[PDB]
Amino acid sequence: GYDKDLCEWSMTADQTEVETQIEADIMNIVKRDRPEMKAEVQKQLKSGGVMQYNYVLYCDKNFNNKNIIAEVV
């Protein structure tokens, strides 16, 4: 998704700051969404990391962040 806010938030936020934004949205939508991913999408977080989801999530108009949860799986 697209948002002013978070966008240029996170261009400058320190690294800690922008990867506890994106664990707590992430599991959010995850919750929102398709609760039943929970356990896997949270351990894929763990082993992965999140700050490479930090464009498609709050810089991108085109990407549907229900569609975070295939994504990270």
The other form holds:
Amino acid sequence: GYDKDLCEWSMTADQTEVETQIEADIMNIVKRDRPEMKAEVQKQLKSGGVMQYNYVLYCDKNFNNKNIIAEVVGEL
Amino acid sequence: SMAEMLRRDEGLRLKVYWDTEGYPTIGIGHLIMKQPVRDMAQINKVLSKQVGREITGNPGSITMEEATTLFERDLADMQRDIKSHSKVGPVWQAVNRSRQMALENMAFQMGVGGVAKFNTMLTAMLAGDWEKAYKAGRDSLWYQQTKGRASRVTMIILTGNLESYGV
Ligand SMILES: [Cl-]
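The form deposited with the partner chain bound is what I need now, so please give it after the form solved without the partner chain.
Starting with the chain above, the whole complex follows.
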């Protein structure tokens, strides 16, 4: 998604604050849509990183954030 | 484009952050130093030479134009290396542009030397055995540890197109 305030903030704010926001936003979608995938998502965020999702979540009008689960864990 | 592909997989930062290994990073996956250094005087000193002007800030910051310039140089360096590598190069030369992008995406993530470790996958790509290549990519620790990205990238290797990136 594109969010004018979160786009630029996510590019510039301290990493710890940004990762807290990214991780909360992902985990809220997981809990709503595929709650059983929580442990898998947590595992991937720890092994693969959190910061890289800032662009698709907040800077990209062509990315629908409902698809962030598959973005982290793969299709289906 | 590789810019659009790697902006998606690496994110976009105008201020330093530290990757999963503790290494200072900025822009589109631009590694500043392959060392777990947090000292901002030292990070900014190295980044100033890489960008070409004095970086300031705790953490250091760049402009969007500088992030693009770092990316273009990083991409070119990686493409130089992948084509001249005695194992990966022959494979890159033998597949279509989409599968080239998949290999370049992996090399951007793990280095051309990391890609060279995928013997079974590379051999299968040279044979045109895309299902075997896909299965070998998905059988890897790389897939276990960055599963979303490995999924999208191996889907290219299987299908020969970029629809796993929405193209
Ligand atoms: Cl949503």
